[PDB]
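Below is one structure. I have some questions about it.
One chain of protein is taken out of this complex; the other chains stay put.
So that you can tell them apart, the chains are marked A and B in the order they are listed, and the count of residues begins at 1 in each.
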Amino acid sequence: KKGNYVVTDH
Amino acid sequence: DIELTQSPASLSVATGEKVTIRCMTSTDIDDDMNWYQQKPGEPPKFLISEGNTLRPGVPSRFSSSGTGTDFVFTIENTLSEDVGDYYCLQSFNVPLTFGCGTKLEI
Partner (left out) sequence: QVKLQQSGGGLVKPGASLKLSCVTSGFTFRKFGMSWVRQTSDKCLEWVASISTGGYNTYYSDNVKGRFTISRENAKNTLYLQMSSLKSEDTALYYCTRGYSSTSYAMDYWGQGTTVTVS
């Protein structure tokens, strides 16, 4: 998570 | 929506000369600036990622710098194989946005 988006889910 | 504007739109250099290409953003991007080189009939090739760092395998004659909204890409000692279109990309925020390229000829 960084900026305004997620690329790695949990 | 962060807008990226590249300059010059195109340039022609002689072999062994330095090229300087700029990409300015409309707002801060936390140094998440990326640079690509695209040759005819191929996808863009990743040269520089976030934090102005050269990708492994890319020639050390390529460099980038800048922070805030003002970023630079340079080729020291340009070679004929560097002909192509160079693109900047911010990856700080979605929508991810690109400049529309600087055309390089030797």
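Basically, a contact is a pair of C-beta atoms (placed from the backbone, for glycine too) under 8 Å apart; a residue touches a chain by one contact, two chains touch by 3 or more.
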item	value
Touching residues on chain A - with respect to the absent chain	1-2, 5-9
Contact footprint on chain B, counting only the chain that is left out	32, 34, 36, 43-44, 46, 49-50, 55, 85, 87, 89, 91, 94-98, 100-101
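Quick note on the criterion: only the chains that are shown with their structure count from here on.
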item	value
Between chain B and chain A, distance of the C-alpha-averaged centres to the nearest whole Å	25
Complex interface listing, chain B residues touching chain A	30, 32, 91-94
Chain A to chain B touching residues, read off their complex	2-5
